[PDB]
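Next comes just one chain, in structure tokens: the form deposited without the ligand.
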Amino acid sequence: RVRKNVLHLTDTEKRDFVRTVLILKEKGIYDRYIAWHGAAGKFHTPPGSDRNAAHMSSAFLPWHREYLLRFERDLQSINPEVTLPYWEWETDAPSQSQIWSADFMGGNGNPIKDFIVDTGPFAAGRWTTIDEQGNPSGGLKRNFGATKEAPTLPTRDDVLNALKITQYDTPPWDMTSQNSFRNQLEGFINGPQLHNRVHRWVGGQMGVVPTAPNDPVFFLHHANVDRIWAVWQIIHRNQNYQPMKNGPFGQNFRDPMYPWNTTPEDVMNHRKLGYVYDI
């Protein structure tokens, strides 16, 4: 509407973006998203399972799609010419990026302050955070490249190879699904790849599911994911969401995605939700 390459934004656009987020934060609306996100990771389908309402199963993409939309709509309610932009990490793949500049996301974590980010719009003291329980946490943390599993960001080819996969998702609709676009993008096939890998590479809150959205980068990242998925939906036009049925409740096409009543089907056609990327 359009969701643009974060690398293509003007210095006004970058600034207005940050501005808005921080307003969403002042009003108390931003915490709803953090918590909602936390709620869903705790909602396992069925209880005891690996899968939750937002990750490690089919609902992953529609959930985060519905997550971003609500979010964008809220930015719109503050400043209508703002759209959720996206961080094309595949061509970033790693900190020599403009995204981490002082004016935008801020930089990596301070190893001397326990990796609390001490620069950028959301450094500690300028930006409060909440832990997995929903109590004050002490600040945004980040640790680029720290773990052996995710020393680098996914490359272009990784992205192109995922887009070749013929089916949206396959039984048993979890992190072991094979030839599954969903599982490849999320990044569980020879993980961490793609989505899981970006998460492990950033570190800090972004490094753990129920705290990830404390980092505004979450939205630039999840926007890039959503984009890859929309692209895949443009490729495989003969293919649709799965499962349609006989998935765990919350994962099927016409199930409500906890914490909402929104279902995958409601979000299956992103243009319908009223926005596009840089084609």
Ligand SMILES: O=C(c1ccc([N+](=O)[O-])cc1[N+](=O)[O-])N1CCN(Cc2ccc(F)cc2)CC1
Given for the second form:
There are 2 protein chains.
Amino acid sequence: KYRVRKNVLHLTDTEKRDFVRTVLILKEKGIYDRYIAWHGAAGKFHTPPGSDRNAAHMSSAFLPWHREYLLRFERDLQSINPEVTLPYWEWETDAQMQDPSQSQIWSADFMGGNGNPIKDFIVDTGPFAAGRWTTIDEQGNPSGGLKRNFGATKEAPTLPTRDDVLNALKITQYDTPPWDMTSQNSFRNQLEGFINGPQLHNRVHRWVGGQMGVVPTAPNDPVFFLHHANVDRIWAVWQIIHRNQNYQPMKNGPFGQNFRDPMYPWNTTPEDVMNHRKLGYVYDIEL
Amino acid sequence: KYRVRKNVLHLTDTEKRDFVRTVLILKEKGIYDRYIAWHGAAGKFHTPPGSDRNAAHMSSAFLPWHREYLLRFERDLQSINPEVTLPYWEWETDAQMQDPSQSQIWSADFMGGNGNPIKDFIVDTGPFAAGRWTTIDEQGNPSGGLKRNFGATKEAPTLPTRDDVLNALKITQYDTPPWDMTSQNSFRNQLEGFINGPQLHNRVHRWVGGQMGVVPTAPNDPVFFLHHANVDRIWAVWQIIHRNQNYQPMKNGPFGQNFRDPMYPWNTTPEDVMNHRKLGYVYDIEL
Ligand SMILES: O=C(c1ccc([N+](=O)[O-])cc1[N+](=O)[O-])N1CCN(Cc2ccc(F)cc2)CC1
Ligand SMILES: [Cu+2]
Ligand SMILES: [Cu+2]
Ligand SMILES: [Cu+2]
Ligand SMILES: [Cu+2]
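Switch from the form deposited without the ligand to the form solved in complex with the ligand and give that structure.
The next block holds the full complex; its first chain is the one shown before.
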């Protein structure tokens, strides 16, 4: 509750400079690659084997998994600089624009801009451009740099709207059986974006394009953490609103999806991260 | 120093039966799959990206990684049954036999025998035969059944001998630059088996064949843990003989390979597992 997580647009020049630097330091030390691998490993860990659910996606563990994912990442950031916290990308407001690519987040001093159509949509601006930022493929091998391609998809030509977020907050149940892609009246599945998908979370990924468009390689783009910090923020809001609601399933769900099951690749359970304030951080809007 | 890890041949019928049962329970609960996944994930985590080294193999972290791997596995076993400890397969003694496939470890009450050449070398004996034991492929997706094919390879027609083990114990340096499969005068690289390979560890894998012949799917066969318990024992013996020696490199090696680097996919460092007795276990021969 002492660490404040701010909106990217509400950041100071010095703050944006310290975050980027810290990320570059984590990358240089080899720590950043662990998060790309963790995410890719979880996406291939099905619960149970044979089903389309995995440890991190298309299931109830989606939200607590990524919350633990961000928590570990933020702790690594502060090991370098204790004053640095993980910002979030409030994409629902950027959607109000006719061209979200003009947002301050895509400036050369933070995340960098859109991909270059002359270089197969390779990002050539910002601190994460090809030449300063190395990317790895689905196999853990070097891939030749970051790619982006804003709204060039038919399924996701736009970013999710504030109404879309608000409509998701209307849901009462955290999740519903069979705890997967087809869960109805489920806040989790709604926020993830499979209900008339791609929506919300899934839509943001498809909108950015490049590595962000594919599960095993999405964390290659630093904006991935800013995006999921917003998803985590939206979840935290839901938990505040429906304070009487709790996680599901509590039991009788697939192993790795229940309230007290370890989340691969970790031993962390959804219960351990159910209360974000207990984790030692808070979002600016809560103040 | 209280948990004793015994030789498979020195196990009682009741012991061999309780170990198998505990493994089957871990499989049913979905915990076993986490170890297959952990092992596969580490094999694709290169240190650094681009090199042929990975977090668990072909590098200095090879021995401490698998020790942590076995340690975690053993603790999960005891969560089910506190009387169960991880046995080890003294294959160097089985090599003295005139038919290693007739060893008691391959009996129907423990691991089961060789595969069936009429069923594509599927294993049809023991508690881990097709129909009672499900396996997954390199992608984390379900496969047919456990397979074995003893010494049908030209590179590894035999099991490694005591002479090979002793010769490996003669090495003074734990590891040498460039810390990989080509490292010379290295105990790690020697025990792993890249020196005039396949030898020792690598040879055992290729000798067993089937899933054990391929790294990402090797843990599908329960004998994987018995095999690596012997490897951990040999290392423990080496550490006992060479008590003044330590891990290498201490620093300036690839990230994930140094003495105090976290070993993907965990936060555990080689130092955390450098002393097997401090971990709370001991091998029977140390008594
Ligand atoms: O575009 C989609 C989408 C849309 C529809 C379906 N579907 O119906 O199967 C499946 C997917 N998908 O890729 O999972 N997505 C965008 C990419 N994204 C990858 C991703 C998601 C969450 C992360 F933290 C990291 C990466 C995952 C979801
Ligand atoms: Cu994800
Ligand atoms: Cu995502
Ligand atoms: Cu291994
Ligand atoms: Cu091995």
